[PDB]
Amino acid sequence: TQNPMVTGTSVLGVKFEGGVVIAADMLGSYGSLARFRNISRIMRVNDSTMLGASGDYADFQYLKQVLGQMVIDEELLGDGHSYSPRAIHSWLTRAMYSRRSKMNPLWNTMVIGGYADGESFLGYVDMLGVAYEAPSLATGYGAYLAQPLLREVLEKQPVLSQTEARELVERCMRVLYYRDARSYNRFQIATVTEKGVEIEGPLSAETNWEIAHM
Amino acid sequence: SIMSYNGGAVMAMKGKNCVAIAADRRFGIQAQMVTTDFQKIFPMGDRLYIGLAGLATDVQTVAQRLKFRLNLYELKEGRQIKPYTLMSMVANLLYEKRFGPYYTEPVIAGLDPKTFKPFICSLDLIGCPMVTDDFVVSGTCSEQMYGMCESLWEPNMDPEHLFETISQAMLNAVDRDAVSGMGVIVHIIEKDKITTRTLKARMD
Amino acid sequence: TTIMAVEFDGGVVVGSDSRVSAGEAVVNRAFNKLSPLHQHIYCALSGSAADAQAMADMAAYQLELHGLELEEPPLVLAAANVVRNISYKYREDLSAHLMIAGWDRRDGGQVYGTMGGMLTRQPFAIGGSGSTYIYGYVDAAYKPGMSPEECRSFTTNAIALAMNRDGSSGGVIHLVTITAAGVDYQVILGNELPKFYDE
Amino acid sequence: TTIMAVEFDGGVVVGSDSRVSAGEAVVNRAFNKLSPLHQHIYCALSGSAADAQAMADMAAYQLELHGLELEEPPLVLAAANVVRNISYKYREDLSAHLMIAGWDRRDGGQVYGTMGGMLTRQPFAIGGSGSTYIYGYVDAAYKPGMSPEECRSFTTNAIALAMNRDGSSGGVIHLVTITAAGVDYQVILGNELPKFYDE
Amino acid sequence: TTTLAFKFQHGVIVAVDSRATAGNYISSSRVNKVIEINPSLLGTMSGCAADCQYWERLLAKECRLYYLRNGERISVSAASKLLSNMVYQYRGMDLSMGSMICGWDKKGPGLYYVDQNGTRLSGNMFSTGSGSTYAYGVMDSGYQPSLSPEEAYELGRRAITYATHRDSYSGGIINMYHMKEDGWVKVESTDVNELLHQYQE
Amino acid sequence: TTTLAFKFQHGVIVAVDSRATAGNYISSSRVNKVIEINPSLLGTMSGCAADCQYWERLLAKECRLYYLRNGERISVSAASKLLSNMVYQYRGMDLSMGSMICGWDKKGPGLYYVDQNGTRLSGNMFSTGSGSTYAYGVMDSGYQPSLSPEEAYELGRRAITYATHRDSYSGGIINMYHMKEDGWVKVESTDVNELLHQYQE
Amino acid sequence: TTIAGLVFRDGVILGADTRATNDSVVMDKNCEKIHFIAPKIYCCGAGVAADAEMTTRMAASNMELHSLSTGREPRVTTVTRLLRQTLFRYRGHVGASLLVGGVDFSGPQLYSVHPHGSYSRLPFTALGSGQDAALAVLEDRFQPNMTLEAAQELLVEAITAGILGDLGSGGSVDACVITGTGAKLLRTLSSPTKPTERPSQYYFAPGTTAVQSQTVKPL
Amino acid sequence: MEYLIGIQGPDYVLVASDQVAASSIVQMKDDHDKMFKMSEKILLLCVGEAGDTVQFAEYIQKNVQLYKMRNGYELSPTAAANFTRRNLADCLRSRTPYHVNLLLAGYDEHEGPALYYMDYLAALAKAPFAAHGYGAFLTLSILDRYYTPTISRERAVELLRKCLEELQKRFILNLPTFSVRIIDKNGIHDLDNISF
Amino acid sequence: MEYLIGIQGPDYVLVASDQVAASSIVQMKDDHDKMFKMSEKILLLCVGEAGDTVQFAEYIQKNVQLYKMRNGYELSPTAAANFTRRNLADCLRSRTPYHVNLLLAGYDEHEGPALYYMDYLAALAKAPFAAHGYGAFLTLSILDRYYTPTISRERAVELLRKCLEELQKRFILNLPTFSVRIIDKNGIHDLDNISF
Amino acid sequence: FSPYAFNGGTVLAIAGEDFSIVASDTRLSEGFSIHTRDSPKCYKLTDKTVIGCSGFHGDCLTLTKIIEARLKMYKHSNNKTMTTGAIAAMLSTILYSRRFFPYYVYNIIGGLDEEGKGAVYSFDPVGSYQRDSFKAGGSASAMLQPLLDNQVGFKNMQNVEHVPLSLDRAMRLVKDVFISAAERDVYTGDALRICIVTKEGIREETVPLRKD
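Residue numbers (full-length UniProt numbering), protein chains in the order written: chain A, 46 to 259; chain B, 2 to 205; chain C, 11 to 209; chain D, 11 to 209; chain E, 73 to 273; chain F, 73 to 273; chain G, 40 to 258; chain H, 1 to 196; chain I, 1 to 196; chain J, 30 to 241.
Hints in this document: simulated from the structure, not taken from any laboratory.
All residues carry an ideal CB built from backbone N, CA and C; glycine is no exception.
Keep in mind that the hints are not guaranteed to be accurate.
Label pairs and their in silico Cβ distance ranges [stated by the list, open to error]: (1) C:131 with I:91: 41 to 47 Å; (2) G:257 with B:79: 19 to 25 Å; (3) C:205 with G:192: 47 to 53 Å; (4) J:94 with D:100: 31 to 37 Å; (5) I:25 with E:161: 54 to 60 Å; (6) A:259 with C:205: 23 to 29 Å; (7) A:147 with D:204: 48 to 54 Å.
Let's have the full structure, built from the sequences with the hints guiding it.
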């Protein structure tokens, strides 16, 4: 849209051995005001794909409705063919780019997580159409606050397990709550593996305020 | 931009017990060339030179005001100014006009008056010094100069090798810059001599 | 930023959040917004950090000299007048509200609002960007004749409600109770903050 | 403008103020901001009068046809979806939030917020320019399992607190309780409005 | 960019420089600023490179189509009119193209100046681009309609050389053509620096 | 406003119209656009009425003071230089004044044009104001340095009349003076409509 | 630019990167950003290089005069007050983002000074374009009263994050350790980045450049 | 700025125009013809925006010629002037307006000579004499002072020379040569160019 | 736009300038002198903003004359050029800057002839030949093509005429007359005006 | 709202007698951050053509997919693979089609021509193009081009043998200039991807660059 109304903040994404983990808080902000504190910004696309979205919530809901129908439409056919994580990432990229080219973008920065054929997928798609994939992702304020922590751990241990990736993701959420003024301490953690897409939450991070006495 | 109004490129290079300072000779207003022998490098001692690039008017003013201060400084204290001290003098002079600065980025090249130790540095318009051990560039084609210096510069070059390095850097750098050219003057500063050369360059 | 001060028979209760922000980034999550101008006089800073700190320091200096000249603890009204004058004189340059709360031997515990150069004494006062969300709450919860303990609770609750709603507020709650006896500080950390409907 | 809707076991309670303003002039001091979209579905208008009225009329027409086609009372979610679609489709042209509250035989009493095209179901919702001043109050006063009588009181209090603080709100309080039995209106005049700290 | 063209007793001389720039950065010293529409038709380019190259190639297409249909080579005036009308449809949309259409049809040699505004003029001599003013000086001071071929080549070489010397956005190589009754011929491709040094000797 | 001045064999002719306006509204048809600084010194006014009236009166004061101090009448050139320098101190502050300083000192007749920008020129003839272009046409087509006094009066009367006819901001009455060696004399004050009707007869 | 500081058990530790850039071009690959204020007080600078340089030099000069007249060690609070009062005077026009850290009679102190004149006394801070990366590291691993070596490691990691995550930072990592006893200015504590070993080569002889004129002046 | 001028006599219309085609500060052409023959006894002088002038003038010319081909007889000066105004007026509020200033001169068997003035907003006005451009400001008053309704063609040429000479010495623009034409009952006649 | 031009020879400096004083679209004066005599062997040609030109030039002239009165001898061309630049540079950042373009020509007994170029930002440059205004764009290349360091004064006048003739036919401005002066060891000499 | 973003990156092409090299860095940036360190800017078009694209990554993705589709369309209707020169000419028209809402891409085509010689075509964003011997595009193009002029074109050098550029020397030059650009340009770094195009096919190589 031209002017985003209710928006969601950072979205985290980490690839692990046999799956992808994605986290996002459940806050819908209206400017600096935490208006909707119990909204889910993570959506399960299909059995192997999940999506987390930052930015304008209304646009995210519209994409969710359009993506949900696509998954349903293809499932009606029942021909053994189903959209893969990469295919969803590609479609999203084209959708955002087309809207950006008409000077009427969908104000969202999305993270795509998935697992197909024993291979994890983690893709980024912004409102301008800029798309790419990496071992870990972080939109909005997460790029400066969470991404550096993720890259530090991936630089020393390229392949980590589900537990390690989960613990790392929780560490980033805590830091985001501390330094991000548009964040909330109520997040969801979505995990995609061979079993499917699992969305847990609402979770909270154990915060320490020992520095106040210092 | 005001800095590209007259154009011009200046670069200093450090060698083994010698320094090199070069500059373009073009004086033009916007796209029109006026003269092809405009002085941009000024002497501030036997083995101390300052190169100035930017607005021609400020290039001349700063050079003249610096001379005024250096002369008085060299009359008060009975000695030749040190390269580092000159840098601070220039920085102080540039910082005085913090909110209405002279449009010129100076580069200093010389050898210590008593120890003959190579010294090169560059300052921004408001006077922020930057001492390096390899090279310093300034002007409208700084990016081109960076490329050339970064790949051509080698450590401990002799007077002859240093001359060839800075000449090739400047020549090829000013050929990709429309407002810099019309000749190149190179000064090779050594312990017992100064060699000034004008290179065969493109006049377009 | 959310600040609050309440009057009670015998003194005052001043409190605030500890969030210093720069756009969407929290530059300081444990900042003390309560500054002592004198032995029994405090001020809650809100608005521009640099301005608030500059004015508070200025007032403290002026009040310090004033106190020594008259050889008597300054009045709370004098402190408020000193802040009001500075805030009014530089109203086009400064952008910060220095809430004034304290206690003297003449008029007991008083709370003054000095926003924009205008000076008014109130039973309780709230300021800062997060104060807008708690206007309704304080109007329905405040009751005259509140005790010190009840004032701290009232203050704590109000600030906690604002912190949860306002993006420019957050962190911990700094609390200060001023009375004849003296000044007693208190800090309410994140885990010990009053919980309300956060769903 | 201040609007509010609360859910309760068996239905909903919708309420609002009655002030229509044009800058500083009150163009209508007894305006009804509660509009019925269907027999058991209501909407609270906020934002631009023309836009809100245009959308409400549009939705009522669409829902009316929908209801007759399916030969069954429309769902509250359907009404909210009809409003959400219009609000989202014309998000750059319209400037009004149509709060949705009602009751159906499938999911009982539901409250939906459709501001800016975004749709979310909540236990209670507040909107309009005066809603900012009561955020803290509703967060500290709302309790799950509230009865119809308690919901009307909660609603009345909240709106009254907002009306007193907000310049764009005021007048009387329009109240509506929706349940299986039917719709029962209620109007709280100026003299019968809940009183709080107005000093 | 500097381009010139003048008609003398032995045909038409066309000369251009080869510099392209982006701000103060010289993007190329070897760009071709003459399109060869056909054996007796040429078009010069100055202004926006993408606009010039695209619209002059589109004129070439239409010229070729004109030939196939009417079974004869399009005249210089009609070719220039085609280009004139083509760019007049986008007037005000910030196209940047100043070109000369030179050739030799049934009415002898022909030289037209056409620009993005829709200006279209027939003339004896023209100069376009940022270095055009400098070229005019030299050209006008040494032009005579009875110039010999070698003399005409020199004047063209001099005009462009001097324009590159004074104009910052001009330089590289001078490309020169000679439009004759039996078609055009490419005269030379002399580096302007080689020329300038010999002129100062 | 239309004002003119020209030097001929028998002195200097000065003529002006008398219209003042405010937007499209004619505020006056009888405004005086010639200040009499002294018996052999005149100043015309065009532009902003408050600026002209104020600065020309201030020049008159200085001229009178100059006389008292140096015991002689200020020259035309020095008076014009005074005004020139006075208005150069407020350059850029949106003053609006275009005037002519006419007189006769020891160097014969003198005519200077001075404006708010600081322009100061000596000349044989000048015209200022919004109707100046029209006056120039008539004046230049009928000017001869050997014009007789009656002929010079006619030319002045014609130039102004025609300017009022074409220029919307000019009109009213033509006021004319004649600068001579022994001082200036007021020639006439003819209504421009009376004149125009007789010219069309 | 990435600068950071932290208060540990026996003192304070300052750190910074060594890259100076012009818009998006590296001008200096090894500039010192940790300036001397006093014998037991140092300051890291971010923002306008010229402003930071001139401001710290001025503060150091004024602190020296004060120390000479009083005959005592300068307090860290005197420095921060001198800095904020000056910065506030210029109303943020003097773009100097400072991280003052030192150990005086009252112990170890750390302050963050902003361009407009505001200041913050904290156990750990970070400024510059790579300030968020460094803060992330701090938030995740900072503990009160850390050992000297444990603090250095944390600070190095904090600066490292900015060097690799922020395009404005790079080069080496400088550190400064201050305690009651001495001060350890560790220019180049770690060199995490370096260029290639040069695969090819190109050189010029003693006459590859055509010379038009020459003038030799013996000294 | 371009200069146009028309002087209508008892049984003829004399018109003239500068021949300068300019590009910024340089004169690219010094023999440019700003007159367009619309018919046997009708001339259309057009100045203004580059492109628009030739596009509008030729568009009008083509339609006038078409009219003669379709009916046998030519359009009269008055009809042609109104046709031109209508076309110019129609594009005024359209996306592509023509920024041109015109003078329409012509001779009609029964109506006699005629000179029309048309500005860029398509306001049509018949007049005994008229001018366009910055040069009109310095020449209109000269026409006012010497023009008489019974002026002979020989005297009209003299009057036109006075205007051209005024531009030579007073106008800041360099307009050294002017095209001079005359339209009477025998058609359009080219006169010797007036140069300085 | 005003035109200035200078050509330095082996032992003389030839300068010329247009004599047009213009007000919007009309030439108010056609014999305007843009040259200011600073000393016996120094001329200062100044063009630019109305008011500023005469104010700056006369200010400089007064100080140069004062210098000669105070010391007995005159200031050299080089010293005068630098004095002028300094003064122009000082006002550049002041509240009242002079928007003037200058050419300083002069002759010195020991230094010989000299020609200085100065733009409005006070950048000083010595040159064998130079020009100012829009006319310089069409004449500088002509100077480039024909100028030689040993050019005689008779040949220099011919070279200057070529430049002036180029303006006559190519320049859009009407500059029919130019002031021509020469400075050698015998002082400043007025030459016949070149008119067209 | 701005529909563009500067995502950095540098592309270089060099033409030899029987080879063509197209190289680029792998950093993808935005503002002062790094999106990823593994985003190469060179795409394979055919068996003897490679394209390097830099600029706005959104347009780089879209333009490469449009060119890939046009290659297949051409092959279907003409029964042959587009030549390097035909690809260059087609790209020009594609870029000019968006002349009033232009692709913010700097394209450099590298491949072999019909005679089997190295070919390099450089492009500006709106389509103006020409054949060159070597060209640098993108973020650090002004740092690389001058060095190429002096080392490959032998500009400004006297008494120097103008020996033909071997593949070996060309590879060392590419690695060297990219290492130098990684020091000065903040947008260039991470790794260097080099594609060599000869008659045997296209082989890739990857060299590490500075990560800071």
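The hints, checked one at a time:
1. For residue 131 (chain C) and residue 91 (chain I), the Cβ-Cβ distance of about 58 Å falls outside the hinted range of 41 to 47 Å, so the restraint is violated.
2. A C-beta distance of roughly 24 Å is found between residue 257 (chain G) and residue 79 (chain B), which places it inside the suggested range of 19 to 25 Å.
3. In this structure, residue 205 (chain C) and residue 192 (chain G) break the distance hint of 47 to 53 Å, their C-beta atoms being roughly 38 Å apart.
4. Under the hint 31 to 37 Å, the C-beta atoms of residue 94 (chain J) and residue 100 (chain D), about 33 Å apart, fit the expected range.
5. Evaluation of the 54 to 60 Å hint for residue 25 (chain I) and residue 161 (chain E) yields a failure: the beta carbon distance comes to about 34 Å.
6. Look at residue 259 (chain A) against residue 205 (chain C): about 25 Å separates their beta carbons, and that is inside 23 to 29 Å.
7. Roughly 51 Å separates the CB atoms of residue 147 (chain A) and residue 204 (chain D), a value that falls within the hinted 48 to 54 Å.
In terms of the numbered hints stated before, the structure departs from hints 1, 3, 5, listed from lowest to highest.
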